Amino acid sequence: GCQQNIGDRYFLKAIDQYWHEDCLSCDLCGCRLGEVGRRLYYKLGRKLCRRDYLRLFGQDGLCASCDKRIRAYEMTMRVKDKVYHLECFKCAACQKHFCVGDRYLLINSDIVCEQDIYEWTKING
């Protein structure tokens, strides 16, 4: 970076170069890459944070529920081949959002919570 040796208790090593805590910054926004995430992105000769990397080079997808696009930086729920906007990952019956460890069934592209599988299938199929 500043091309000067640090002389402190803690320093960083990235892209076969040594850096300060303050010197290893994202080339686009200037955020401290060490405090923000344990990894940096290296594209077109630039050291980039995840956000700027994904906004610029990320791959978008299609939501299995709403059929609208999902931008690369959007939070998602991956289930087998399918991908959902986090807000679309909800039970088709009760419209309830889930918790880690909860049980749901995947029918086609429908997410139906466990409690609801019976009544939903009874009504819909």
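For clarity, a rigid core is taken as the largest C-alpha set superposing within 1.5 Å between two forms. Residue numbers count along the first chain shown, from 1. Only residues modelled in both forms are compared. What changes on going to the form deposited in another entry:
- Two rigid parts of the chain rotate against each other between these two forms, and of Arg103, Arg51, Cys23, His85 the one at the hinge is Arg51.
- Between-form comparison between these two forms treats the chain as two rigid units and finds the smaller unit turned 34° relative to the larger, from C-alpha superpositions.
- In this core-based overlay, residues 1-31, 34-48 form runs of three or more whose Cα positions differ by 2 Å or more between these two forms.
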Second form
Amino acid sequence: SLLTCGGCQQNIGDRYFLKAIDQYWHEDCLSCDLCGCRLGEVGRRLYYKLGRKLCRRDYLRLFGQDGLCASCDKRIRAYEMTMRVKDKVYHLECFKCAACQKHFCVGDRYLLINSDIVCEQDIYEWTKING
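Could the form deposited in another entry be shown next, to go alongside the form deposited in one PDB entry?
If you are looking for partners or other molecules, they are not here, because only the chain is given.
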């Protein structure tokens, strides 16, 4: 009749509880093993692999495929945020104008020459000086 929590080992006496990974949980005990974030709310998905209960970020950290940056030629980790231009992928900090070194924001206009991101403002002098 009574149910046991798989995160605190105490009996559930609360009004609302959860059911995940063939277990019962107090609303707060269902957390990521690496960061400790609660998985029940915020439209946060639950991931399970090799005994670990993980959030999307920490799952990709442990099991996701890594990519290569078009600017720094260094590996991008699966959990890291990126800017994607066609089939090229960049670290967030490497997504800047190859001319002025300005970091970009949503709504900004640019061109892609090779793997060089050039802002709208700098196209003219880049073309004269490089083609």
